[PDB]
Structures are given as C-alpha cells and as structure tokens.
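A single chain comes next, written as structure tokens; it is the form solved without its partner chain.
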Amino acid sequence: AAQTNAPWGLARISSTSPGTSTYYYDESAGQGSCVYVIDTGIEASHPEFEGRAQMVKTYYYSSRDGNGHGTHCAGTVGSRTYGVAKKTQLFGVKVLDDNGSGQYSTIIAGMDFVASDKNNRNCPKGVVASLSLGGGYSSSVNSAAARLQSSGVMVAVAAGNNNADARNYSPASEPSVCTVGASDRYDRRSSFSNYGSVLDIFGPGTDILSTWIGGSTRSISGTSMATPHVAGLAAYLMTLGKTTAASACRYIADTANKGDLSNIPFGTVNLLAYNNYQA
C-alpha cells in the first residue's frame, strides 16, 4: 500500500533515503496486534482512530486526555493518516495528569497493569507498549519496564530530551526494553535527543504531525514522538510474522537503515527504524 502526502516520519520509516513523502507498507497494517499507549490518555472519539482506540485504565478523575500528548503519540502508532500501524488496536492507560505529570509509583502501577491486562484483550499477533515518558534514574521504574517486557510485551520507551546520556533516565536506561532516540527530516539527530550506549534505535522525532485533542492535529517534537513510530513498527512487523515481542527491538535494529544519521556521538548506535517493505 502507498499513502501519498504522508507525514515525513512515516515516509522515512519506509525509505532508504530522506526527502520523500509517500509511506509504503503491507496492507495487513498491524491488524490483530495491540498497542498500549501509557501516557495522558487518548481521545478515542477522534475520527482518525476509526473506533480502534479505547481507554482501558486511568489513575485520575477522568480517562480523557486533557493534554493532547497521549493522543498525539497514539496517532503516530495507529491513526489512519498519521499512524505507522493503521489497523492495530490502541489501548490507553492514563498514568499522567492533564499537565503531563505523574508519580513514578503510578507509572509503575500502569506498567504492571498492562502486563496483566493483555490477558483480557484479543491480540493474536502480539502486544506492544509505548512509553513516551520518563524521569531521573530509578531502579524500580526500570524493573517495572523489564517485567512488562518479560511478560511478552514489546516495550518501547523514549530516550529523553536533555541532549544527555540516557543512562541517567528511566525507563530509558533499562537494558531489556527498546530505547528510542529522535531524528529530524534531514537525518540529523534531533537537537534535544538523548544519546548513549543504552539507545537501541532512532525514529522520527522533530516536527511530527499527528492527532490532537478536540478532533484536531498538530506538529510537535520529542523523543516522545519517535517512540510511537517504533512501537507502531513493532506491531506492524509482528502482524507480518517477521518477529515477536521478545525479539522485535533487536529485529528492528538488525533491519534498520545504518550509518545514515548525522551528529550521532561516538558510542551511540547509528540506526534508523525502517520497515524494509518492498512493493
């Protein structure tokens, strides 16, 4: 399938070169997979989600996304226009308040929730969790992410936005999950992207158009935007049968575009997520 006039990041993940604007992908499109978006919520009524999104858990007075961040990230995973995996099922877990803030204890509870809740969902092709959040190093936060991964969920986490080594942030620094840095449309490391040995992969993160609350759209930047590209890619590849939740991060690294990003510090991987789709 070909989506013309796609957001640059979608075109990038199906291309061997920057500077194109059509997204190419197998029509299976993540059907039969599920992606949990652990964030500020999801505006599931947005027409872009086509009934495929739902809130399953909140720790606050509402499950609605009063911020926009979680809706944007969910749109990059799986919205019809802005999403990588256009037929996946999206499940929202609201661990962040409407200002985008949340306590680590709530975030940990949300991760353990997903590890169990997947057993209440129909995801025959596999389960992914996208975590566009983080803070300072916490062994307990890292352990929660490791448990979620161990339970059979492909965990993708944002590297962070400090232009610093991600070893000092969680869950970014957990070795067993997929830690995602951000790139721009010219294949440069995004100016804010964290780096370091703990990164596994880069995805599009600067000037990313996606869904927003109020049935709207907007372009924003962050490792939060790169992470759902990778989460959606994992769901797409799992539906194709090319990999599994346990192996998807490594498979994405194996099959990435290699050596194409600029301003990658010595010792950080130079790997850009790529779907290797041939029409």
Given for the second form:
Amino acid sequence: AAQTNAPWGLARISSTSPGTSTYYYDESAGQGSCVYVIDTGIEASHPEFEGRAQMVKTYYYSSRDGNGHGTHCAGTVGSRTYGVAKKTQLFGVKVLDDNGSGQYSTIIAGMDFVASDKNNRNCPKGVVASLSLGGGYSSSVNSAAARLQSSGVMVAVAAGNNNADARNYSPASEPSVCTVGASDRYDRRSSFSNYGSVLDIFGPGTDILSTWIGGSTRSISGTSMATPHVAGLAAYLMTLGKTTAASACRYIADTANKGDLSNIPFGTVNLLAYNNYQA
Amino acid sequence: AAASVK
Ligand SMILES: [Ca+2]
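Next up, the form solved in complex with its partner chain in place of the form solved without its partner chain?
First the chain shown before, then all remaining chains and molecules of the complex.
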C-alpha cells in the first residue's frame, strides 16, 4: 500500500533515503495487535482513530486527555492519517495529569496494570507498550518496565530530551526494553535527544504532525514523538509474523538503516528504524 | 519522584 504526501516520519521509516513523501506499508497494517499508550490519555472519539481507541484505566478523577501529549503519541501509533499502524487497537492508560506530571508509584502501577490487562484484551498478533515519559534514575521504575517486558509486552520507551547520556534516566536506562532516540528530517540526531549505549534505535522525532485534542492536529517535537513510530512498527512487524515481543527490539535493530544518521556521538548505535517493505 | 512527558 502507498499513502501519498505522508507525514515525513512515516515516509522515512519505509525509505532507504531522506526527503521522500510516500509512506509504504503492507495493508495488514497491524490488524490483530494491541498498543497501550501509557501517557496522559487518548481522546478516543477523535475521528482519526475510527473507533479503534479505548480508554482502559486512569489514576485521576477523569480519564480524558486534558493535555494533548497522549493523543498525539497515540496518533503516530495508529491514527488513520498520522499513524504507523493504521489498524492497531489503541488502549489508553492515564498515568500523567493534565499538566504532564506523574508520581513514580503511579507509573509503576500502570505498567503493572498492562501486564495483567493484556490477558483480558484480544491481541492475538501481539501487545506493545509505548512509554513517552521519563524522569531521574529509579531502580523500581526500571524493574517495573523489565517486569512488563517479561510478561511478553514489547516495551518501547523514550530516551529523554536533555542532550545527555540516557543511563541517568528511567525507565530509558533499563537494558531489557527498547530505548528510542530522535532524529530529524535531514537525518541528524535531534540536538535535544539523549544518547549513549543503552539506546537501541532512533526513529523520526522532530516536527512530527499528529492527532491533538478537540479533533485537532499539530506538530511537536521529542523522543516522546520518536517512541510511537517504533511501537507502531513493532506492532506492524508482529502482525506480518516477522518477530515476537521478546525479540522485536533486536529485530528492529538488525534490519534498521545503518550509518544514515549524523550528529551521533561515539558509543551510540547509528540505526534508524526501517519497516523493510518492498512492494 | 515525579516523571514527566518528554
Ligand atoms: Ca533492548
């Protein structure tokens, strides 16, 4: 399938080169998979989700997304125009308040929830979690993300945005999951993106257009924006049978475009996520 | 501690 005049990040992750404008992908488009956007929520009524997005859990008086961050991240996963995995089932878990803040306890519980909730949802091709959030180093947050990952949920986390090594951030610094840095439309590392050995992969992160609350769209930048490409790719590749949860970060590493990026400091993988589609 | 949107 071909979606013309696509958001640059979708076209990039189906391309071997920069500056192209058509997103290429297999029409199965992640059908039968499930992604948990663990974030501020999802405006599940947005026309762009087509009834494929539900709110499953909140730790606040409301489950509505009153900030916008989660709706954007969810759209890159699977909105009809701005998403990588245009047929995936989107489940929202609101752990962050409408100001974008959340206590670590809340964040651990929410990962625990998804570890159990997946056994109540039909996701026969696989389950993916996207964590576009992070804070300072926490062994417990890291342990909680390990525990998800181990419960057979491919877990994709944001590297963070301080332009520093990701070893001093969580859950970014957990070796067992998939830590995602950001790159721009000219194949540079984003200047704000963290870096280091714990990164697994870079996906598109600068000036990312996606769904926003009120049935609106907008562009924003971050690893928080990079992480949803890879989860949706993780969810897309699992539906094609190519890979499992236990192993999708490694598979996405092996088949990623190599050496394309500049602005990468020594000790960090030069690997930009690629979907490997040949029509 | 408090975590935050990235
Ligand atoms: Ca890994």
